[PDB]
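In the form deposited without the ligand, a lone chain appears below as structure tokens.
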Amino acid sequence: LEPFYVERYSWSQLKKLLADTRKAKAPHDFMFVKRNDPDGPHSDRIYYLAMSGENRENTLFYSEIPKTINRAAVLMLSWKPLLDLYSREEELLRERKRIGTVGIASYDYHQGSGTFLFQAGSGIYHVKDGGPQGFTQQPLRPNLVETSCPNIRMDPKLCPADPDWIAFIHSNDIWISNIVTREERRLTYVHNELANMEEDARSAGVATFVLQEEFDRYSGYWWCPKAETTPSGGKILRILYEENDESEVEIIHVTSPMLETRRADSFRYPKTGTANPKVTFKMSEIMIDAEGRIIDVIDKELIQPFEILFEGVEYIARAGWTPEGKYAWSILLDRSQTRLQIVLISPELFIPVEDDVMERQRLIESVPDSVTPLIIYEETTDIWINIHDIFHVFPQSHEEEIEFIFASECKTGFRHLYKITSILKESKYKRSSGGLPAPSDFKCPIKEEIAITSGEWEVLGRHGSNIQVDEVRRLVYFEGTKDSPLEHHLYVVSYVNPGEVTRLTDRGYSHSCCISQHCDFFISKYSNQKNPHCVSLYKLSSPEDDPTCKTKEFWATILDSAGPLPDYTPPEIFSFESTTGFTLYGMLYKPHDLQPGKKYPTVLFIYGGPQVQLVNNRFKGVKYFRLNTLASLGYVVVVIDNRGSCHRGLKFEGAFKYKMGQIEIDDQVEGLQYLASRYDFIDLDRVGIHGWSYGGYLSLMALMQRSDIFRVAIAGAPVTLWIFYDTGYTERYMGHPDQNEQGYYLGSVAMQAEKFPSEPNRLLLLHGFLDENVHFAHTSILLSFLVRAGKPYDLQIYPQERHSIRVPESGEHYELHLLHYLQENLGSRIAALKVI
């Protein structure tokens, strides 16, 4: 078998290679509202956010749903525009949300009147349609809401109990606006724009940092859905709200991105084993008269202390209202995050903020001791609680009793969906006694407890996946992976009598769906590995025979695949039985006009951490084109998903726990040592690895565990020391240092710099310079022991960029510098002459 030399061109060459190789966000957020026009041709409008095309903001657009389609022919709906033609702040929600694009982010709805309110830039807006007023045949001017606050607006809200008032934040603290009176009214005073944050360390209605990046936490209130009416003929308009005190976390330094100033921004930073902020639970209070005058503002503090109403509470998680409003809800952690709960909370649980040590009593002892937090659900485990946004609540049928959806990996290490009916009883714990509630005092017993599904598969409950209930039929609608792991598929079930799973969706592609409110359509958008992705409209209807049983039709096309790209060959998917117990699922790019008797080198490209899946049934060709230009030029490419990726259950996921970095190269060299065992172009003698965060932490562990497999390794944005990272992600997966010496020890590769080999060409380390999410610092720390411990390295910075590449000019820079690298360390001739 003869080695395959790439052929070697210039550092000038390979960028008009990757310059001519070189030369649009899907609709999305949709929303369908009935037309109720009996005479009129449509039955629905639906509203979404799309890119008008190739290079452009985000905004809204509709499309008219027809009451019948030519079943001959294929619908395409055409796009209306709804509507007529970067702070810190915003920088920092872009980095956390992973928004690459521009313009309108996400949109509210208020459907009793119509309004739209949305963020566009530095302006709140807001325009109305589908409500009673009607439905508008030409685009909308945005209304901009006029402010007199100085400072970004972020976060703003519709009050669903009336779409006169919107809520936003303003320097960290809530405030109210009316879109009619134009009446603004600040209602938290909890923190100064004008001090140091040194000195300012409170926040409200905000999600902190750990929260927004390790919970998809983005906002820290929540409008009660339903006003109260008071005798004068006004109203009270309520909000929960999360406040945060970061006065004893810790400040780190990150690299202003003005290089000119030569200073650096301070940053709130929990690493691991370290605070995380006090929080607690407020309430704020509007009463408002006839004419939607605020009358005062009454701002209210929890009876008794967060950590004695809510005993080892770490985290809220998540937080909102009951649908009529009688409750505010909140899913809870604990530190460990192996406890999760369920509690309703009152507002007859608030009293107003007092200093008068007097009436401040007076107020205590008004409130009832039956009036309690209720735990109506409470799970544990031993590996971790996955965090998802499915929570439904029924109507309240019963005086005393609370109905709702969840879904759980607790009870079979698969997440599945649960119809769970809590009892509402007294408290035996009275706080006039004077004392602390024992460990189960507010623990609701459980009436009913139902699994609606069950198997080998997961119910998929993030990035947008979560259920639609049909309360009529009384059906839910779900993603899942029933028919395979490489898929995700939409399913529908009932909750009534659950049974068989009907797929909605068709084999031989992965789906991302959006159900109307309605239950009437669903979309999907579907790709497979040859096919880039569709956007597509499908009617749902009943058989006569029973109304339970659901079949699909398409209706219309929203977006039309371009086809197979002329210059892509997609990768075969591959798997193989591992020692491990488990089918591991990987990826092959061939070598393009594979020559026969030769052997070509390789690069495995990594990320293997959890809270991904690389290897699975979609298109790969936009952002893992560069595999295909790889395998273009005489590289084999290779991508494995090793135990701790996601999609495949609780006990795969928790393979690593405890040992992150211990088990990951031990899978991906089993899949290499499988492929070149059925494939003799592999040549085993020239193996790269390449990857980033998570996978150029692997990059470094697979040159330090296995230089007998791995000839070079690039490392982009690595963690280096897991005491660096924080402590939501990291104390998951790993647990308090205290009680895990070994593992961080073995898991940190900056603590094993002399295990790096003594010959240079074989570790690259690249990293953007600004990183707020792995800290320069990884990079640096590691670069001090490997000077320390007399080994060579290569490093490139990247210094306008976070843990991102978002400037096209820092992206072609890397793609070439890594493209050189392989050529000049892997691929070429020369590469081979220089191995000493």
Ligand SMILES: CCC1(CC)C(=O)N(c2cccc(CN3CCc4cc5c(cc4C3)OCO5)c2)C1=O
Given for the second form:
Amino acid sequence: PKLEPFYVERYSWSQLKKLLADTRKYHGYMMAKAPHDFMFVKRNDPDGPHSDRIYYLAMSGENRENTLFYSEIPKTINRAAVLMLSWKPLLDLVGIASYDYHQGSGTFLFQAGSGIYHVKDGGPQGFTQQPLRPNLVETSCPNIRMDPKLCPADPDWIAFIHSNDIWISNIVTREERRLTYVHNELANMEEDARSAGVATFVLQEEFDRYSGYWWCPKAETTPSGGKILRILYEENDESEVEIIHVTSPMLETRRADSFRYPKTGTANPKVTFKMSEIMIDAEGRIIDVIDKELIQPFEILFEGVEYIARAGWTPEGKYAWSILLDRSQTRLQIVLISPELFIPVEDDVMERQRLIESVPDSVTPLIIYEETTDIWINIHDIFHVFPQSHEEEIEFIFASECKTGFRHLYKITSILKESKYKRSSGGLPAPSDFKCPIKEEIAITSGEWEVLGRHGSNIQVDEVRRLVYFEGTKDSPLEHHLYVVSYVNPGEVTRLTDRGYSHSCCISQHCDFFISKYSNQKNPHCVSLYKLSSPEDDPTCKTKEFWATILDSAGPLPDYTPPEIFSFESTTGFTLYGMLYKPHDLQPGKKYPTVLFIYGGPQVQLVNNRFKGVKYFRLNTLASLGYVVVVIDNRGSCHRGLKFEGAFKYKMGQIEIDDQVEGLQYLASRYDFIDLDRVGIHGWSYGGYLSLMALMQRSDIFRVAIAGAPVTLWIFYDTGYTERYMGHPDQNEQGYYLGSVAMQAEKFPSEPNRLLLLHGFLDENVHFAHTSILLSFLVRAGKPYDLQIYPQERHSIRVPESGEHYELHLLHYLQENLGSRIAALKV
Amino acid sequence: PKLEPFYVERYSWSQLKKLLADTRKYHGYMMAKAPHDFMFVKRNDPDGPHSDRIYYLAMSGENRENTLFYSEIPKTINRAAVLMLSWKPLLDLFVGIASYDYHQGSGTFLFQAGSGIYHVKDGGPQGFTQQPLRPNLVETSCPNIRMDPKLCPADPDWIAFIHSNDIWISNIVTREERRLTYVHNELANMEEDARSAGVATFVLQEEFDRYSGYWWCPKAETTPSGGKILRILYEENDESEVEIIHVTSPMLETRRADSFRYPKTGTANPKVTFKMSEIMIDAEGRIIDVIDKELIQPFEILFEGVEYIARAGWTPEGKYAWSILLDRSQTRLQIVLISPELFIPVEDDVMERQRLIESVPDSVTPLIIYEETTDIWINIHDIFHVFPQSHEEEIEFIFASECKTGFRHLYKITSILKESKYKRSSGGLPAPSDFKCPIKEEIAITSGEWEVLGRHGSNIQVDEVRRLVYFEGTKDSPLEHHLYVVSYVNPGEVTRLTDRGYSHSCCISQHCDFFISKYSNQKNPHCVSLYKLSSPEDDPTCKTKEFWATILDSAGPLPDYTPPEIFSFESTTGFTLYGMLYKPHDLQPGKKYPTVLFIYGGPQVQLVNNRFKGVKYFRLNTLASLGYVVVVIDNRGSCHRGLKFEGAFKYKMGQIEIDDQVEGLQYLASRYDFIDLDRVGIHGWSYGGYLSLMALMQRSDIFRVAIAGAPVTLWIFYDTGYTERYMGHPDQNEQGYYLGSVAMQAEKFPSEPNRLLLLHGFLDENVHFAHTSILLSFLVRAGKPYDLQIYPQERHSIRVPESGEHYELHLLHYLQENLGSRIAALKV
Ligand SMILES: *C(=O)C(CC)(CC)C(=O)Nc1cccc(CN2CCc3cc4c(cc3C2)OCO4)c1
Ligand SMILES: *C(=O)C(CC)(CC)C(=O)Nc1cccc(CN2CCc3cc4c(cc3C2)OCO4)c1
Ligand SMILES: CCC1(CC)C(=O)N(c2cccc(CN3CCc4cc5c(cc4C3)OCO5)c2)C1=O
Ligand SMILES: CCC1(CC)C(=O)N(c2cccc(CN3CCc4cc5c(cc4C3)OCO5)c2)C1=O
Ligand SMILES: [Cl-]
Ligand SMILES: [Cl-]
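Target state, the form solved in complex with the ligand; input state, the form deposited without the ligand:
Every chain and every other molecule in the complex is listed next, the one we just looked at coming first.
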């Protein structure tokens, strides 16, 4: 019950710089983009030795660019040996982030730097044995072209965004044309605040939607012998959105860039759907372009809707679908929208009033699903629509947390009958006039575990065997695994991935292969191909066989000791998991200083069975200097269901440190080497927020707090995020005050060397103001602080030298104010 | 010999806060504006006991408003005793007055007090009040704040003021109000609407001390009808081509930035010109019409090469309007007379206007009555006196200049106003020298290795009866300002009127029979006294003074304030360099103490002189009480030592100043062994913060810690008026700008922490935060450590009390933890 304090070696600034540079020079080989965005194409060669060819994006090695590759999948393997697939470069010598494909032609389409290029492979053209030459799509457009997409109905056409307007371009006939005329590149953003086909700030940052336009997958054939291509697009008007200024990166100018930030409780962009009808003749040449708008306003047809979360088309191009949220993000709706709801844009009220009357009353919005929750809707990428058997019906799979409190798959069948509302009557539609009735709603899955549907996780639907492959947490919340089940008569759930690793998978479109990117705490990332088989007596049953390795793991790195995943039964009635790094060369009869690394906000899990030696390598480096490192997933973090996540609704900042302290005390009572008299805390963003709350609330536990890019004041943060978790400010005056660390400056320590603020000066999410206004109050209240600014940096640290300076200063600060001999001398 | 190191008392944050709060809570009497802006008015009462009444502005006591007071000057005194004048309040109150106007003939005061503009009467034909007067609000229909009020000297019923960057006039009797210029629109954006009238732009306020941009003509021209014509000369600026930068808005919740016009060095200054507002008033005192008038030819033609309008006004009879004009490089000054006949009505119609051009004769011309040049720089000042016109062909005036000898001295000049060789009807342009007047005479009223003072209130008073000129100067010592007097007709020897042992700040009665002096010295706080002037009967030129009364009595030696010792040393540069030394309180024998060099070191200031330093630099004493040696040195470049001494760093800022500081620092160490050179800190604000960074960067051997407040890290970001005066245009001094800019030399900073501290007001308009942020950006590239403090609700100066307390607290804790204390020496 005494123990001696260990003190870390007190290196100088120059020495720590060298220590970090030398330890960073070890790794870096494994800082390269692992194979992803896989696609399987069949050879169809009876005599040839390969069944499929697989295309994928990958970084060849370290400083080389991200580009298209391919490997060859054999019909049979040597089951004695282990087949390592070799990577064939698809392209001849600007990274590629994503690519499009068209099965019927073999056309690839992709952006590489400023250019948009295309090649052909695996179509009627056949299969290349040599790298292809990327063919530049020529243009007359002055500025950069973003968001290229192939037209699935016709692979000669592409679309793209230029200066916030939608353009199309033919890659054969070389024709180029502008579809929307909503933005003027010459005017100021104060005057011209409109755009088309592009998601606004909040939708990119807070809902992971980047594109804002969608090709209709089928072409209506014209009497003339040509066709009609279509593009559904969103049109945003940001005029009423507040304009803030953020410091321009060219610091010599002494100027600030304006941008549209919908801070909480203020106006989001004004949104609507539009349709671009494009009449092409028999020669593949544009006859006309008719821009079309909704027959009535968006606010009438889609009452209560703020956000267009997701959108697309049905497989046959009959309807266009959309997933719509209300402002509070407690009501989700899936709505079908017929192209017949759109009429041409017409100035003349005589011509226009006629066009309104030409559309039938039966043609209506069709809300094919609706759900509510008293916690919040979490948007995801799962949504699959089966072919239409009957005109009166539509059949689909969707996921939801709303029923059970865990995300599970549901097969739903809705009825498409005429609306009680009729347009000729000249009234407004009632709240429930467009609701379709639910004929059927089978639960495909259930339990105390979630189906995953974000960050690449999705489903794959086998419509022959009538199965659905999906990722989930059924076996453990610490490991993602691939599963498969019947969607017709949902029996039991067959796990397809091996335990002991967490997996990130995708399934061949043909449903006879899958790939898994897997790792665990001890073993780095690894990518392997697996073949799927049916026992002849029962096609529902699924077994897998290892076929080949795509990327082989590095194996245990020299000097990386991984942590131990622990857990504890909390007083809150929840198992809370954690990671523990023991100090290297652990001296008996001595107690070491502790660093708590934290995030603790929603939509993130720091603790799981994945390799932490690439991202969180410096947690290990801290352990090598003699610091105990702890990481805990408090209440509110993901993969534990909606109830666990909802613990802090309206109450951010109030519960998170209670969990972190409980787990910190669990470890102390068990392991006597943890010195509770010298505990530091450090995080970024929500972690920086919680680090400030820690020092403010619990100065008894935490000696030092190093706050990364703190949210000090929730009124300054955007609509999409802070309203989802904390509601509208007028409906939660208490929670905003208590959740805002800037309002509680007097509660900070009146002794120095305990508070360190870090911030990227040019930050667009967590504006520097959060820090500057906190400082303003700390200065009023006579409180001490230390400050580091990264002047050429936004939220993340992209410039190498800044990242080195962060690491150096952080390691020297912990040393001189927590770990070392001189630290305890100061008191 | 090595001696033992003294370590300062290692107090906690909370304890230092208490220590600082206790040491300033004791005083607070010292933060009160001493009597100033004096004016003597004669009683003219044979039977009455008082000769003059004096009006002045003062702060009654501690946290009270600055307001008008008066005292009574007796005809005789009891020479046995000392008379203390009592302060009679002029005003009823029922805010704060920075300045006032007066009209002798009527008794009319005029002054702004917060939002309002008021007026009272005392000491005219009305007579003299024995009770406080009620200030009479000047009523208005103008929605926004009215600034820069001025009485019309030709008619005290009329005033003028600026409202939303346009000139207005208002009658305080008839209650009429009217706008004269229509140059600005309050509703438009500053990006579009970049014009103004009657207001000095940024650079002229900050770098040339001109705040007003309009000037009443002192006389009215009588009309045939029976009314009159009042005139107002004004400058009109167009800031359209001036660069627009963004400074963070004080309302930090908005996340926004105010636009403002900053003439970055090398770039465009505002486009300027003169204008005249001709105002026809009838016999009733009511406006008939207002004709706005412009220069018959452009400013760039009539005043070739001129960038800045430094100063302007009128001659005493209102015949000519004068102006003092600089070129861009500020190496050529010109005094120019401008007749109202040079101005013509503003007319859209090209036919009507072309006729009006021809109506003005060719003989009517700009008249450059003086011109001078220098290869160092012109320093602008407020001295310029014009005598009445005896002859039509001549003009006679006093002016001061450093251009002849290299020290500022007075000169009586007589110039000839002959017609110009250039003639306007010819339709050509004028040559450079076509408007130069010949100099008939140029007598030197003073000379020597010392300067006449003409800035910050220092001026001259001209006795036109006895033909004398009173002035402030450094003749006796560069450490003491003194009042002197001399003949301007037959300039003999100068008679010092102030006592030695104090530095003085004086003004002289308009009637030249009294003067007042605000004086102090290193041991004694500030004191304001009245002195009577007398002639011997045999010789009016000779002047003697007699003490008459005290206006503000000194507080006497403060409790706990030990003042410093002024020292000096012969520099290797061939200059005497003066300094100030604070010894540690309770000086132990055989021990060596940590030293703090407090510095400014830039141009136009002198830190070392014989004045009381216990108000503003009180906390230098507080540093001495904790056991720090404190040093302050005036290196080359600082003022009151002539132009050559000041010129030392032309094109070379940053290169020479630390050599002088180190030399004096080593003089003191070789003399006093209690200075520990192993623990020397440096601290300054603005140019001081700049030099603090240079000190650490250049001489890391000498300076352990550098604490830089609002540093100029990069001279290309600073304004036209200042940096071009001292460093020239960037393209003509690529070497000096690079070497003078600390941000371009970040690699030369220490690679070891606890040595560099940056302090900055986040909302600073002069030295924009970018100086710091861009320096940091380079320090981060080069892997260098720094400590940073930001005062988010603060501009260049610290106005908010809490911010000032946090500066003092953090500064004291920093020096403690990284220089002075026990723990400090362990950290290395
Ligand atoms: C700081 O923590 C933060 C919020 C105060 C600043 C932006 C933040 O949330 N940062 C952050 C950084 C990296 C990754 C994430 C997680 N990500 C947030 C947005 C998001 C949006 C959608 C989603 C999942 C995420 C997760 O699924 C659908 O939309 C957060
Ligand atoms: C920092 O030192 C500084 C320059 C980098 C920032 C503004 C600066 O010069 N500061 C400063 C603060 C207080 C007082 C002065 C001196 N003052 C400057 C302007 C000036 C203008 C005229 C003058 C005398 C001065 C002196 O006489 C005529 O015009 C400077
Ligand atoms: C952005 C989202 C997310 C979680 C998905 C998150 O939040 N972070 C996040 C935040 C801060 C820091 C780091 C990496 N850090 C680990 C801590 C540390 C500690 C050191 C050091 C470097 C580093 C690097 O040098 C010395 O001591 C990662 C994420 O990613
Ligand atoms: C603005 C122009 C001028 C010269 C007329 C100048 O330049 N300054 C100027 C600059 C910096 C600081 C101070 C006052 N300081 C003195 C140093 C000091 C040192 C302390 C402390 C407070 C202070 C206050 O607390 C602890 O240790 C004054 C001028 O004014
Ligand atoms: Cl089906
Ligand atoms: Cl005379």
